Every structure is written in C-alpha cells, then in structure tokens.
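Keeping the supplied structure of chain G fixed, place chains H, F, E, A, B, C and D upon it in accordance with the hints.
Given next are the chains, with one letter for each unit.
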Amino acid sequence: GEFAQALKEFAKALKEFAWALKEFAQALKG
Amino acid sequence: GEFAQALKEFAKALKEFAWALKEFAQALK
Amino acid sequence: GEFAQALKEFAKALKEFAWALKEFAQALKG
Amino acid sequence: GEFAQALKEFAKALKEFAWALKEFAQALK
Amino acid sequence: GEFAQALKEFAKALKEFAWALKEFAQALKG
Amino acid sequence: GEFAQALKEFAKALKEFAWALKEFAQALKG
Amino acid sequence: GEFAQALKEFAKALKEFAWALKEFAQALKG
Amino acid sequence: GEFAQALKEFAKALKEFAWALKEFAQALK
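Residue numbers (the deposited numbering), protein chains in the order written: chain G, 1 to 30; chain H, 1 to 29; chain F, 1 to 30; chain E, 1 to 29; chain A, 1 to 30; chain B, 1 to 30; chain C, 1 to 30; chain D, 1 to 29.
This is chain G alone, in the form it adopts within the complex:
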C-alpha cells in the first residue's frame, strides 16, 4: 500500500542514482 508505493519511489531514485554514478565512472574513463 503506502509502503509499496514508497518502495517504488525509492527504487526509481536508486535506479537514477546508479545511472548518475555510472556516468561519473565513465567520465573518469575519459
């Protein structure tokens, strides 16, 4: 319910964090 929706919101933010981290890693690779 409220917990499931908040976990979905957390998951989406975590996914976006992952993609930003990968972008940073790739910038470190030039």
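Quick caveat, the hints were computed from the structure, so don't treat them as lab data.
Hints should not be assumed to be uniformly reliable.
[Said to hold, decoys possible] In silico DSS-like cross-links for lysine-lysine, where the CA-CA straight-line distance does not exceed 30 angstroms:
id, chain 1, residue 1, chain 2, residue 2
1, D, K15, C, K12
2, H, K12, H, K22
3, E, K29, F, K29
4, D, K22, D, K8
5, F, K29, F, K12
6, F, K29, H, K15
7, D, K12, C, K12
8, B, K8, D, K15
9, D, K12, D, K22
10, B, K29, G, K12
11, C, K12, G, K12
[Unchecked claim] Per label pair, the in silico range of CB-to-CB distance:
id, chain 1, residue 1, chain 2, residue 2, range
12, D, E23, H, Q26, 34 to 44 angstroms
13, F, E2, H, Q26, 33 to 43 angstroms
14, E, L28, G, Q26, 11 to 21 angstroms
Heads up, the beta-carbon is just placed ideally off N, CA and C, and yes, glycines get one too.
Frame of chain G; chains H, F, E, A, B, C and D shown alone:
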C-alpha cells in the same frame, strides 16, 4: 507508515546525490 | 500485489546499481 | 506466484550487488 | 513485519552508501 | 510454515547486510 | 518445500557475505 | 523448481564472494 516516510526521505536524498554526480561527471569533461 | 511489484522494481534498481558500482571499480583500477 | 518471483529476482539482484561490492573492495587497494 | 523492517534498513544503508560514493567522487574530481 | 520461517531468516540476513553496508560506507570516508 | 529451503540457504549465504563485508570495512577503517 | 535452483546457485556464488572479501580483509592487516 513510519517506514513509508523514511523511504521517501531516502529517495529525496538519492535524487540530490544523483544530481551532484552528474555535475561532477560534467566537470570531468 | 503492489508489494511484489515494488520488490521487483527494487530488484531492477539494485541490479542497475551493481553495474554502476562495477563500472566505478573499473575506473578506479585502470 | 508473483511474490516468489519477486523474491527470486531480489535475491539475484542482491547477489549481483554483492559481486560488485567485492569488485569495488578489490579496486580500493 | 520483519521483512518490511529489513527492506527499510537496507534502503537506509543504500542511501548512506550512496552519500559516501558521492563524497568519494567529489574528491576524485578535484 | 517453512516459507514464513525462510522469509524471517532472509529478513534477518538482509538486516546484517544493511549493517555491513553502513560500515563500508563509513570506511570510505576515512 | 524446496523454495523455502533454498531461500534459507540464500539467507545463510547473505549473512556470511555481510559479515565478510563488515570485516573488510573495519579492516579498512584500521 | 527453477526458482529454488536459482536461489541455490546465487547462495553458492555469494559465499564465494564472501571468502574473497575475507581474504581482502586479512591482506589489509
């Protein structure tokens, strides 16, 4: 309930961290 | 229900985080 | 059913994340 | 229940780890 | 039954993973 | 059944990984 | 069936990651 509010707070923080990493990645270009 | 759906979305996001962290490890190494 | 499927996908992601943590730990030294 | 508690604790830890990665990245970029 | 016991053991192991991940996040600071 | 047994096996493995990660983190702290 | 086998394979790999990480920790000291 209390767990839902905590998860929302963590999501908020992750959004902020992701923006900073994207700024850092641009700085390395 | 929605809880299982949220757990599946959490799993996908955590998988993306795994790939991102590996990329960062690659960038640190070489 | 869908809950068992979600648990299995979550376990797989936990395993992949643990592998990445192990890889990251190796890279730190 | 305990699984919901565990997901919350793990989400909290992921968030703290994400902060630590962001700080590490900040140092690497100068 | 045995599934509920397995889920409880999984929840407790996930909490241990949470504790370890917070420990690792702190170790990146220093 | 076998799913619950395998989930218990996975939980034990996850606990062992968490302990190893915690040990690494605390060794990194010094 | 397939889910139980998957979980067992993940568990086997997880413990192997743990043993590698334990070795990394010992090398630090």
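Quick rundown of the hints versus the structure:
1. D:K15 <-> C:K12: holds (9 angstroms)
2. H:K12 <-> H:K22: Holds, because 16 angstroms separates the two Cα atoms, which is no more than 30 angstroms.
3. E:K29 <-> F:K29: holds (9 angstroms)
4. D:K22 <-> D:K8: holds (21 angstroms)
5. F:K29 <-> F:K12: Satisfied, since the Cα-Cα distance of roughly 26 angstroms is no more than 30 angstroms.
6. F:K29 <-> H:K15: holds (27 angstroms)
7. D:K12 <-> C:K12: holds (10 angstroms)
8. B:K8 <-> D:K15: holds (20 angstroms)
9. D:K12 <-> D:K22: Holds. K12 (chain D) to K22 (chain D) sits at ~16 angstroms (cutoff 30 angstroms).
10. B:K29 <-> G:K12: holds (26 angstroms)
11. C:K12 <-> G:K12: Distance of about 28 angstroms is within 30 angstroms: holds.
12. D:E23 <-> H:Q26: 34 to 44 angstroms: Given about 38 angstroms between the Cβ atoms, the range holds.
13. F:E2 <-> H:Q26: 33 to 43 angstroms: Hint holds: Cβ distance 37 angstroms, inside 33 to 43 angstroms.
14. E:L28 <-> G:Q26: 11 to 21 angstroms: holds (19 angstroms)
Of the numbered hints listed earlier, not one is contradicted by the structure.
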